[PDB]
Amino acid sequence: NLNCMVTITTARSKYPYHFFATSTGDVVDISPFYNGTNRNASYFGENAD
Amino acid sequence: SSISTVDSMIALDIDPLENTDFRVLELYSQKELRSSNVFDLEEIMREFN
Ligand SMILES: *[C@@H]1O[C@H](CO)[C@@H](O[C@@H]2O[C@H](CO)[C@@H](O[C@@H]3O[C@H](CO)[C@@H](O)[C@H](O)[C@@H]3O)[C@H](O)[C@H]2NC(C)=O)[C@H](O)[C@H]1NC(C)=O
Ligand SMILES: *[C@@H]1O[C@H](CO)[C@@H](O[C@@H]2O[C@H](CO)[C@@H](O)[C@H](O)[C@H]2NC(C)=O)[C@H](O)[C@H]1NC(C)=O
Numbered sequence: 247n248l249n250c251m252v253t254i255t256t257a258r259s260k261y262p263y264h265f266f267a268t269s270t271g272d273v274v275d276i277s278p279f280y281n282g283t284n285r286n287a288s289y290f291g292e293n294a295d
Numbered sequence: 640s641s642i643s644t645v646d647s648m649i650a651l652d653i654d655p656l657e658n659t660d661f662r663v664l665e666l667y668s669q670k671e672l673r674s675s676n677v678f679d680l681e682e683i684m685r686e687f688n
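Top line first, the protein sequences correspond to chains C and B.
Take 247 as the starting number for the first sequence in the entry's author numbering and just add one per residue.
Take 640 as the starting number for the second sequence in the entry's author numbering and just add one per residue.
Hints in this document: simulated from the structure, not taken from any laboratory.
Heads up, some of the hints might be wrong.
As the list claims (entries may be wrong) - Now the in silico label distances, taken between C-beta atoms and shown as ranges:
(1) C/255 - B/659: 26 to 34 Å
(2) B/663 - C/282: 44 to 52 Å
(3) C/261 - B/654: 25 to 33 Å
(4) B/675 - C/280: 16 to 24 Å
(5) B/675 - C/276: 17 to 25 Å
(6) C/285 - B/659: 51 to 59 Å
(7) B/659 - C/262: 22 to 30 Å
As the list claims (entries may be wrong) - Over 10 Å on every C-beta distance to chain B, these chain C residues come out as not near it, computed from the model:
(8) 249
(9) 250
(10) 279
(11) 286
(12) 287
(13) 291
From the three backbone atoms N, C-alpha and C, an ideal C-beta is built for every residue, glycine too.
This is chain C alone, in the form it adopts within the complex:
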């Protein structure tokens, strides 16, 4: 049985905003404000591919 889902949760990040954390424990090492042209001023450490 195959079921696809779309969960919409809330994630929180603290200053310096170098990682956020959804309510389900998805710790992501990406700055919530990294727009792809400001890597020098915002962290990004997850998989590049």
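Starting from the known structure of chain C, fit chain B with the ligands onto it as the hints suggest.
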């Protein structure tokens, strides 16, 4: 009684120190203290449940 008098008293009226009811100052409310965390334990446990 118009010959006048002499006010030889040297005034030393020292005002009493006024009373001060100190406030119980609160910088951050409990809501902000609970919301100042990347991870909340209650949310994690509720999602696990
Ligand atoms: C991705 O986000 C970065 C910041 O993390 C953006 O860089 C910043 O973009 C703003 C908006 O254009 C720039 O402000 C501009 O500055 C000049 C004065 O120098 C003025 O002419 C404009 O009115 C405007 O306010 C800002 O300088 C720039 N850099 C920094 C370090 O903040 C970037 O634009 C974002 N990229 C995308 C594609 O959204
Ligand atoms: C990338 O960011 C770093 C710090 O996040 C910037 O380094 C600063 O550069 C300014 C101007 O040269 C210095 O006054 C600061 O002392 C530097 N800080 C640190 C921590 O090194 C760097 O300039 C940024 N690169 C850009 C915007 O191209």
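Taking the hints in turn, this is what the structure says about them:
Judged by the Cβ atoms, the range 26 to 34 Å given for residue 255 of chain C and residue 659 of chain B is violated: they are separated by roughly 49 Å. Against the hinted window of 44 to 52 Å, the Cβ-Cβ separation of residue 663 of chain B and residue 282 of chain C comes to about 48 Å, which satisfies the hint. The given range of 25 to 33 Å is broken by residue 261 of chain C and residue 654 of chain B, whose C-beta atoms sit roughly 49 Å from each other. Taken as a hint, the range 16 to 24 Å holds for the pair residue 675 of chain B and residue 280 of chain C, whose Cβ atoms sit roughly 23 Å apart.
The hint said 17 to 25 Å for the Cβ distance between residue 675 of chain B and residue 276 of chain C, and at roughly 21 Å that hint holds. Between residue 285 of chain C and residue 659 of chain B the Cβ separation comes to about 55 Å, which falls inside the hinted range of 51 to 59 Å. Judged by the Cβ atoms, the range 22 to 30 Å given for residue 659 of chain B and residue 262 of chain C is violated: they are separated by roughly 41 Å. For residue 249 of chain C, the shortest C-beta to C-beta distance to chain B comes to about 19 Å, beyond the 10 Å cut-off, and the non-interface label holds.
Distance check for residue 250 of chain C against chain B: the nearest CB is about 20 Å away, which clears 10 Å, and the non-interface claim stands. The claim that residue 279 of chain C lies off the interface holds: its Cβ sits roughly 15 Å from the closest Cβ of chain B, which is beyond the 10 Å cut-off. For residue 286 of chain C, the condition that its CB be more than 10 Å from all CB atoms of chain B holds, with the nearest at approximately 24 Å. Residue 287 of chain C, annotated as away from the interface, keeps every beta carbon of chain B farther than 10 Å; the closest lies near 20 Å.
Here residue 291 of chain C stays apart from chain B, with its beta-carbon at least about 16 Å from theirs, past the 10 Å limit.
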